[PDB]
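**Student:** As a plain string of letters, each chain reads:
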Amino acid sequence: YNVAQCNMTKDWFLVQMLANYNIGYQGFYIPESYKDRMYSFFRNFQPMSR
Amino acid sequence: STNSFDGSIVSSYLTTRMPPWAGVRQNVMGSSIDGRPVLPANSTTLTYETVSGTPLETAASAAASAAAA
Amino acid sequence: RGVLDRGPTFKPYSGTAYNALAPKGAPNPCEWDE
Amino acid sequence: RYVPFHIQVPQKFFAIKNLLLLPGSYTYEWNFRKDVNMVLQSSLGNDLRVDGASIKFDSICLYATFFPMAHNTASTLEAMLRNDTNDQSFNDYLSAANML
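Residue numbers (my numbering), protein chains in the order written: chain A, 1 to 50; chain B, 1 to 69; chain C, 1 to 34; chain D, 1 to 100.
Simulated from the structure, these hints should not be mistaken for laboratory data.
All clues given are correct.
Straight-line C-alpha distance at most 16 Å; calculated EDC-like pairs for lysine to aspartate or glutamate:
no.: 1; chain 1: D; residue 1: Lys56; chain 2: D; residue 2: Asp35
no.: 2; chain 1: C; residue 1: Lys11; chain 2: D; residue 2: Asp47
no.: 3; chain 1: D; residue 1: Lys34; chain 2: D; residue 2: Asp47
no.: 4; chain 1: D; residue 1: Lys17; chain 2: D; residue 2: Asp92
no.: 5; chain 1: D; residue 1: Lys17; chain 2: D; residue 2: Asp87
no.: 6; chain 1: D; residue 1: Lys12; chain 2: D; residue 2: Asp92
no.: 7; chain 1: D; residue 1: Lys56; chain 2: B; residue 2: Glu57
no.: 8; chain 1: C; residue 1: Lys11; chain 2: D; residue 2: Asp51
no.: 9; chain 1: D; residue 1: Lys34; chain 2: D; residue 2: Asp58
Residues from chain A that keep clear of chain D, each with C-beta distances beyond 10 Å, as calculated:
no.: 10; residue: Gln16
no.: 11; residue: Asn22
no.: 12; residue: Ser33
no.: 13; residue: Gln46
One-sided and incomplete, this derived list gives chain C residues near chain B with beta-carbon spacing under 8 Å:
no.: 14; residue: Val3
no.: 15; residue: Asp5
no.: 16; residue: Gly7
Heads up, the beta-carbon is just placed ideally off N, CA and C, and yes, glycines get one too.
Full structure from sequences and hints, please.
**Tutor:** Now the structure itself:
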């Protein structure tokens, strides 16, 4: 049940993308450019591994 | 040098709910089955994906059937 | 869920990682047998 | 060269992409590529076959993020969608045909 390339689960992942913006249950869409106006959810977020 | 007096008061600080998920109470060093390693309750290695897994044997043989041009 | 073998060709960079502050053909210690 | 992974992967299709799943009973049967040649792209142009590499499978699961609502309109709105004229249809931007 882990979200892509991190131990962060599906249980928490779907909270933030739906909490602020209208994408999540309606299938799976990519966020719009105007929405993430300077570090809103994804601009700071880039998951990594070593 | 002295840090705390004999006869410390305990029942002052209020006790409540406890999340029963892995290692919430004591820094137990719980070992694992034949494959996985050991992790303590309060470690900074616990925050990552400390995972065990590699089969390889099929990869070296399947590529070798090209030998003849 | 599982594993992926990438093989010996898997190179995520070019250049030198170890003893990288070296010119072209600076010799490590060794003995000639002449 | 040895990395365990859990890569999350949705599907890309011309019709089954942005439709609605109604009540009832359904079966899922599909097929995946298991060769390093047709799946991966190199920055040099190297084929990963002839070079000691293969893909292994251990577990696959089909997930879904369902809409939570009051269970009255959950069956009412789809009962309107269960009509001969009121149905679903989808088109792609490259609905175009290819010829070589």
